[PDB]
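Student: Based on these hints, arrange chains B, h and g on the given structure of chain C.
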Amino acid sequence: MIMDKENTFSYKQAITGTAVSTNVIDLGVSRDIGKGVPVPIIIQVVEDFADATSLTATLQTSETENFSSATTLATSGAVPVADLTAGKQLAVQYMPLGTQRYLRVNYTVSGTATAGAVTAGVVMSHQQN
Amino acid sequence: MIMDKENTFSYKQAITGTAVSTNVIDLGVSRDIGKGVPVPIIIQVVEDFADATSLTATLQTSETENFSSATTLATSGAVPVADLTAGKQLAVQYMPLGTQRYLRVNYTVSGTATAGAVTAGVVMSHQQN
Amino acid sequence: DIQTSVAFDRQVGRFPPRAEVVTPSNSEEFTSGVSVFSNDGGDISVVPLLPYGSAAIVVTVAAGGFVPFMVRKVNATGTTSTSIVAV
Amino acid sequence: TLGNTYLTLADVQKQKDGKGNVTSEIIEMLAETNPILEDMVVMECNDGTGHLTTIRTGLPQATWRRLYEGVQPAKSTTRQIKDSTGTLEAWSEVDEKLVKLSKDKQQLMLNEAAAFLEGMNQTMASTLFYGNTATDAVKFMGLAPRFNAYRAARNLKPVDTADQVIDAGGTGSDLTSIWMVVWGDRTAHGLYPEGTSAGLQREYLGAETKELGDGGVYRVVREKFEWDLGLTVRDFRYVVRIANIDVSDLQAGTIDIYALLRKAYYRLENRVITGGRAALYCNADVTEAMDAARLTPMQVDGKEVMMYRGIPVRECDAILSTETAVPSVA
Numbered sequence: 001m002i003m004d005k006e007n008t009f010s011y012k013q014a015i016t017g018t019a020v021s022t023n024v025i026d027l028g029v030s031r032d033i034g035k036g037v038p039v040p041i042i043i044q045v046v047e048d049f050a051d052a053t054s055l056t057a058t059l060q061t062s063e064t065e066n067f068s069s070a071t072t073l074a075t076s077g078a079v080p081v082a083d084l085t086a087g088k089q090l091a092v093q094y095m096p097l098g099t100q101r102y103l104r105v106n107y108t109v110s111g112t113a114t115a116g117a118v119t120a121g122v123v124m125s126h127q128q129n
Numbered sequence: 001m002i003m004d005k006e007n008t009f010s011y012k013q014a015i016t017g018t019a020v021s022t023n024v025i026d027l028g029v030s031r032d033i034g035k036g037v038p039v040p041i042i043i044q045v046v047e048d049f050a051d052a053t054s055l056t057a058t059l060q061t062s063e064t065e066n067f068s069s070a071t072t073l074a075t076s077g078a079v080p081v082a083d084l085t086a087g088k089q090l091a092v093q094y095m096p097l098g099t100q101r102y103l104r105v106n107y108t109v110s111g112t113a114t115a116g117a118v119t120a121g122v123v124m125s126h127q128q129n
Numbered sequence: 005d006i007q008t009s010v011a012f013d014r015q016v017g018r019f020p021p022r023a024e025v026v027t028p029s030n031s032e033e034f035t036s037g038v039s040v041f042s043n044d045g046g047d048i049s050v051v052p053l054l055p056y057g058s059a060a061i062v063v064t065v066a067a068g069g070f071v072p073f074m075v076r077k078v079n080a081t082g083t084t085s086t087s088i089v090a091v
Numbered sequence: 003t004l005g006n007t008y009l010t011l012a013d014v015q016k017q018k019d020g021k022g023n024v025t026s027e028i029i030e031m032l033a034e035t036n037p038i039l040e041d042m043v044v045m046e047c048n049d050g051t052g053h054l055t056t057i058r059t060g061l062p063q064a065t066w067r068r069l070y071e072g073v074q075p076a077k078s079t080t081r082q083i084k085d086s087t088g089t090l091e092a093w094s095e096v097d098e099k100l101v102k103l104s105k106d107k108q109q110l111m112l113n114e115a116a117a118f119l120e121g122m123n124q125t126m127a128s129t130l131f132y133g134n135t136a137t138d139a140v141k142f143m144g145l146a147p148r149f150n151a152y153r154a155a156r157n158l159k160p161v162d163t164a165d166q167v168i169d170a171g172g173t174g175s176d177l178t179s180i181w182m183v184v185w186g187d188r189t190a191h192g193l194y195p196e197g198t199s200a201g202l203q204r205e206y207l208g209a210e211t212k213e214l215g216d217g218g219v220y221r222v223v224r225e226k227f228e229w230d231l232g233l234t235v236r237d238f239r240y241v242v243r244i245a246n247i248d249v250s251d252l253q254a255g256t257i258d259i260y261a262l263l264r265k266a267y268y269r270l271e272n273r274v275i276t277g278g279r280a281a282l283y284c285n286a287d288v289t290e291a292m293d294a295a308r309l310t311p312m313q314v315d316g317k318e319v320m321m322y323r324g325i326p327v328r329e330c331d332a333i334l335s336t337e338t339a340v341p342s343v344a
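Chains as they are written, first to last, in the deposited numbering: chain C, 1 to 129; chain B, 1 to 129; chain h, 5 to 91; chain g, 3 to 295, 308 to 344.
With the rest of the complex left out, here is chain C:
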C-alpha cells in the first residue's frame, strides 16, 4: 500500500468513542473522482477492538469545509464487534461516485471501546493478499 500524506483521511487515528477523521480532504473545487479511472481507497481497521458493539465508518461528503450538509457516498454498515479485526476493509474497494469539494470519514460506534484504530485514505494500488 503506497499511502501518502496530503491525501490521507487519517493516519493511525484511534477509533474509541464517536469521532470523525482527523484530516478532511479538500479537492480545490467540487469536481468528481469515482468516475473515470478507478481510485482505490481503504477505510480499514488497523488495530483490534474492545467491548464496543459496532462501528459505522461512513464516507461523508459536503460542499462546505465544515460538514453541515451530510452526504453518504458509501457506508460500512453496522459491522459487528467480532469482525473489528486488523485488516478488515470496512468499505468499498474503490472510491464511490459523486465526490464534492470535501470528504470526511465519520466513525459512529455503538458504545465506547478501550481499543481500536483505523488508517483510511487513497492508495496508489490497493494490495490484495
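Keep in mind that the hints were calculated from the coordinates and are not lab data. The reader is advised that the hints may include incorrect statements.
Simulated pairs of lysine-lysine, DSS-like, Cα-Cα distance not exceeding 25 Å [claimed, not checked]:
{"#": "1", "chain 1": "B", "residue 1": "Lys35", "chain 2": "C", "residue 2": "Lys35"}
{"#": "2", "chain 1": "B", "residue 1": "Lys5", "chain 2": "g", "residue 2": "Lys212"}
{"#": "3", "chain 1": "C", "residue 1": "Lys35", "chain 2": "C", "residue 2": "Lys5"}
{"#": "4", "chain 1": "g", "residue 1": "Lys226", "chain 2": "g", "residue 2": "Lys141"}
{"#": "5", "chain 1": "B", "residue 1": "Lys12", "chain 2": "g", "residue 2": "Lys141"}
{"#": "6", "chain 1": "g", "residue 1": "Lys105", "chain 2": "g", "residue 2": "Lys212"}
{"#": "7", "chain 1": "g", "residue 1": "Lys317", "chain 2": "g", "residue 2": "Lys99"}
{"#": "8", "chain 1": "B", "residue 1": "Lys5", "chain 2": "g", "residue 2": "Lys141"}
{"#": "9", "chain 1": "B", "residue 1": "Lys5", "chain 2": "g", "residue 2": "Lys226"}
Tutor: Here is chains B, h and g on its own, set in the frame of chain C:
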C-alpha cells in the same frame, strides 16, 4: 457500453412487486472475482418507478442454487421512489469482494409498484456523463 | 383597381390579407397570433402571444375599434361583444 | 406463412435484371442524409476499456513578486471522464444455389451490402442524436440524453451540461431541437475500439451449411456486417442544444430561429481548435423556417450550404421532430 448476455442478472426486469432477479449467475468455484483487476457492474434502473416506496436492492450471495442462507455484498438502502428514474445506480462501481458461491439480486419493495425496471449485470466499461 | 405602373413601395403599408369571424370559446386556441377587432364594441377577454402563461386582459374596445397586443386566444367568458372578427 | 424472412427469388428477380445480370446501380430510395457521419472524426480507443478523457478543472493562481518575495506552489485539479462505446452488426443470408443461379455473385452481394450500409448509417445517426444509455444499456449514449435538462438563468461560467442548453420554450408533441457542435480531437469525435477497425466492416463468410428442426441442411452465403462506434464529448462547452422548439409555432410566425441561434452562439465557446470541423445540426423544418431573408451564406465552391456566421448548417434528416419535453433543473 458492450454489456452482454451471459453474466447479466436481469434484462429490463419489471420487479414491480417484491420479486428477485432471474438469471442467478452461478460459479462452481469461489473465485471471489473482485480481486485484482476490477470488473464493472451496474444495477442502474432502466425505466421509471410509479407507485413504489422503497427498493432495497441487495446483492445476495449464497452457497446453493436455492439461496437457503445468503450473504449481502452491496445494499442500496431504502431508496425512495422520487429517485427511481432512468440511470439511478443502486450499488458500487466495480465488483465487490466476498462472492462465495452463487449470486442473485433481491428486490425487497415496501408496498407494490405499477411501473419499474432494472438492468443489473456485469459491464465491460462504465458509461459516465 | 388594376395595377399597371409601380412606384415607390415597401412604405405604403397595407392591411393583413386574412380574415374570418371568430366564435368565442373558453377552450380553443388559434394556430398563429391573430388580431381581433370588435364590430360592435364591448368587453373582450383575450390572451397575449409571448407570455406562454398569460392569464387574461379585458380590453373594452369601442365599436369598430381595434384590440392592441395581437391575440393568442379569445375567451368566451368575459366577452360582451357579439361580432368579433379576426384579421 | 410468409415470405419476408430471408432473401427470395422475387427480390433477385427484381434487382438483378436489365436483360442480363445484377445491376451496379441500386437507387437508395430510403437514404436519409446525415452529414453528421461525414463531419464527425474518429479515433482509436487507445485506453482499451471505455474511451478515457482528461479535462482541466482547476487553474493555478500566479502571483506578482514584491522585492524578492516568495511565490507559493500551485496545484491544478483535474477531472476525468470515461466514454463507453457500442457495437452494431448485421448478417446477410442467401441460399448458395440462389447466388450461383444469378449470373453474378460479387455484385448481388455488393448491392445487398450497400443496403446494409444505408441501414447502419440511418440507425447510427439516429442513436448518435437520440441515443440513451439510460434505457438502452446496449446503446452508446448519443448527443441528446447528455443534455435533457436546462438551467433557468445561465451560470456566469459553464459548469454543467444544463448550462449549455437553451430552453426555446414550448410543449406538446411537436417540439424539436437544434445542435451546434464542433467536431475535433479535443471537442468530439467517433470511437472505434482497440482491435476493431474504424467504421463499417463488411465481412464475406464464403459459403456455409445451415440446419433446421429436422435436418434439411442447405448451403447459404452469409455476409457479416459490423460497425463499432463510441461518442465522446470533449470540452462539452463546444456543444449547445436549443430544446423544446415547437414546430407548430415555428411554421407560423410565433418564434424566430435567429434569436435562438444567436443565443446559442453566445453560449458556445469561441472556435480556437485546430483541424476541428464545426457545423449546425437542425432538421429540415428549421432550415425551412430560415425563410426570413446581413446574415448570408459564404463562398464554398457555390454549394447548397448555409454558413450562419462562418458555421456550415448541415441539415440532418435524422433529427426527429417529436422529442419529449426537456425539463428544467430549478
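Student: So, for every hint listed, does it hold in this structure?
Tutor: Right, here's what the structure says about each hint:
{"no.": "1", "hint": "B/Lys35 / C/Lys35", "in the structure": "holds, 20 Å"}
{"no.": "2", "hint": "B/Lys5 / g/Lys212", "in the structure": "holds, 24 Å"}
{"no.": "3", "hint": "C/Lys35 / C/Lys5", "in the structure": "holds, 23 Å"}
{"no.": "4", "hint": "g/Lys226 / g/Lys141", "in the structure": "holds, 20 Å"}
{"no.": "5", "hint": "B/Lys12 / g/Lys141", "in the structure": "holds, 14 Å"}
{"no.": "6", "hint": "g/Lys105 / g/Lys212", "in the structure": "holds, 23 Å"}
{"no.": "7", "hint": "g/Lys317 / g/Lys99", "in the structure": "violated, 47 Å"}
{"no.": "8", "hint": "B/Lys5 / g/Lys141", "in the structure": "holds, 14 Å"}
{"no.": "9", "hint": "B/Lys5 / g/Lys226", "in the structure": "holds, 20 Å"}
Taken one by one, the earlier hints fail for this structure only at number 7.
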